Amino acid sequence: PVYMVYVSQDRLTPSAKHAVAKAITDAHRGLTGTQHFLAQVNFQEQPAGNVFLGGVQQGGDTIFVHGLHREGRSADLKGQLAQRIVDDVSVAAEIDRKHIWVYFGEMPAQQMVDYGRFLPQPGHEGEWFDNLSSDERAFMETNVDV
Amino acid sequence: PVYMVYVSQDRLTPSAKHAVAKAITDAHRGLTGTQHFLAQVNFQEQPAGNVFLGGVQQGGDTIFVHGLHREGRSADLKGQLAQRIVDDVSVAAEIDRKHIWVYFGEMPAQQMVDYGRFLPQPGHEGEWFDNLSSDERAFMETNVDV
Amino acid sequence: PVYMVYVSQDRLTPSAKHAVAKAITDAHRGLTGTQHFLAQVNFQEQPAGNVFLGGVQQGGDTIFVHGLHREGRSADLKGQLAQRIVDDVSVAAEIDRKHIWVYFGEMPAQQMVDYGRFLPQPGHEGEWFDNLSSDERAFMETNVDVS
Numbered sequence: 001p002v003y004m005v006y007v008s009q010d011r012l013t014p015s016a017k018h019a020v021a022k023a024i025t026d027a028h029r030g031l032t033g034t035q036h037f038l039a040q041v042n043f044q045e046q047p048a049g050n051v052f053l054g055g056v057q058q059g060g061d062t063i064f065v066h067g068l069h070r071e072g073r074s075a076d077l078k079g080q081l082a083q084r085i086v087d088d089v090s091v092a093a094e095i096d097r098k099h100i101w102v103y104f105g106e107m108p109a110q111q112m113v114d115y116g117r118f119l120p121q122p123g124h125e126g127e128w129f130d131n132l133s134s135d136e137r138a139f140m141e142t143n144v145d146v
Numbered sequence: 001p002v003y004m005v006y007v008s009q010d011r012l013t014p015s016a017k018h019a020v021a022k023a024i025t026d027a028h029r030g031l032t033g034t035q036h037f038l039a040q041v042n043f044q045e046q047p048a049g050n051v052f053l054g055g056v057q058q059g060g061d062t063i064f065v066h067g068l069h070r071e072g073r074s075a076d077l078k079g080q081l082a083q084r085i086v087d088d089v090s091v092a093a094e095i096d097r098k099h100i101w102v103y104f105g106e107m108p109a110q111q112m113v114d115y116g117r118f119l120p121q122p123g124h125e126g127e128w129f130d131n132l133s134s135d136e137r138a139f140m141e142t143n144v145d146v
Numbered sequence: 001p002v003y004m005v006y007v008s009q010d011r012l013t014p015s016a017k018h019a020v021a022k023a024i025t026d027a028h029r030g031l032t033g034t035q036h037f038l039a040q041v042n043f044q045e046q047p048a049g050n051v052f053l054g055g056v057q058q059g060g061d062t063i064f065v066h067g068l069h070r071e072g073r074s075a076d077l078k079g080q081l082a083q084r085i086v087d088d089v090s091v092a093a094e095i096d097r098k099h100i101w102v103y104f105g106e107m108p109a110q111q112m113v114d115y116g117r118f119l120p121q122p123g124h125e126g127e128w129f130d131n132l133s134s135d136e137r138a139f140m141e142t143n144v145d146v147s
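For the protein sequence lines, the chains are C, A and B, in the order given. Under PDB author numbering, the residues of the first sequence are numbered 1 to 146, in order. Under PDB author numbering, the residues of the second sequence are numbered 1 to 146, in order. Under PDB author numbering, the residues of the third sequence are numbered 1 to 147, in order.
The hints are simulated quantities; they were obtained by calculation from the structure and are not laboratory data. In this text, a Cβ means the ideal position worked out from N, Cα and C, and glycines have one as well. Errors might be hidden in some of the hints.
Stated by the list, open to error - Cβ-Cβ distance ranges computed for the label pairs, FRET-style: (1) B:142 - A:121: 40 to 46 Å; (2) C:137 - A:75: 44 to 50 Å; (3) A:61 - B:30: 26 to 32 Å; (4) C:126 - A:124: 39 to 45 Å; (5) C:79 - B:144: 45 to 51 Å; (6) B:15 - C:126: 40 to 46 Å.
Just chain C, same shape as in the assembly:
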């Protein structure tokens, strides 16, 4: 996946960013079976005060997670995954769940490219990976936080 994570500048320490990235990655792998290394978490920082809720300028606590997924999973699974992101990002970032917004968008795998390659359909990641070139597999394997 690509998870775009919109946070205020300096709200998350580097270690908190790492914990939030791990929380999202583990949740995605845990519920979908996709390999760790396909989960991209891309932090987008902006100065505090760039978020407005109902026209009211916010402090730095809002977190918006925009997850970009392949089509093909059930509404039930996507609900479980969104809830798990809310719960686990809240713990990892020490931010109340009321600050956390999570939207999932989906596209056909045929118009999605990770690491320069088109993605397979959900659940087919194992044989897709095994058929990648040796150097591609090796590069991908470096991106696993156990």
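Fit chains A and B to the given chain C structure using the hints.
Using the frame of chain C, we list chains A and B on its own:
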């Protein structure tokens, strides 16, 4: 909704950001009935010169509004809403409409979370809000301008 | 289109940003026929270390292209266009294709506004361009780099 608003650094003062956020929020509230506090406007600033049109580097005037919505509204209404965003942001930002781009993306409400809670179907925002806890209601209430 | 291009701060010089924007623009016009000036490339820079892959903090090389398109094109065409972006951004940015991610999202043209106007359906950009104003056409034609 979440309205991602891509603008050049320094092109909007704090009051202009507030005015643009209110223009978008009031448009969405007025045309959809959704509660004031559910409209997030999230300003994403980048240095001027990071926008290219037809390969030509731009100054700092372009505004791209990426609105992320629940599925369920009519094409008629979404068109009214996009037009009203163009008209009212042009006034609020003192920018000519030729500089304004507005795209709406839609997702099933079942994979959309505001304030840590899954959204209802559009017209059902009152009863959704009333089944919410007292503390959750109170926190949302604080996010209503004026 | 709008192509949101997520890169690390200082990985692309002003010259490389221009070259990447032209590569993306030329790919889109070449395969879709849409005029040059409707291709927006919007660079989003963040500090290196803000990207994680599999939980591992990355350096500054990842490039994510999020393309926002009208509905209406074939899966074949979208696949050719995504591959061409990978290939041509790899050349323009001097970056291995393994670093390049490209996702296309699509919406009805009826909820998409470029230059303050609603877009036509794919393939009908000529008639759409012909039917508004002289000032608008002039402004769009300033946004054409062919070199």
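Tested hints:
Separated by about 44 Å at the C-beta atoms, residue 142 of chain B and residue 121 of chain A satisfy the suggested range of 40 to 46 Å. Roughly 45 Å separates the CB atoms of residue 137 of chain C and residue 75 of chain A, a value that falls within the hinted 44 to 50 Å. Restraint check, residue 61 of chain A to residue 30 of chain B: a C-beta distance of roughly 28 Å satisfies the suggested window 26 to 32 Å. A hinted range of 39 to 45 Å holds for the C-beta pair residue 126 of chain C and residue 124 of chain A, which are about 41 Å apart.
In this structure, residue 79 of chain C and residue 144 of chain B meet the distance hint of 45 to 51 Å, their C-beta atoms being roughly 46 Å apart. A hinted range of 40 to 46 Å for the beta carbons of residue 15 of chain B and residue 126 of chain C is consistent with their spacing of about 42 Å.
In this structure, every one of the numbered hints holds.
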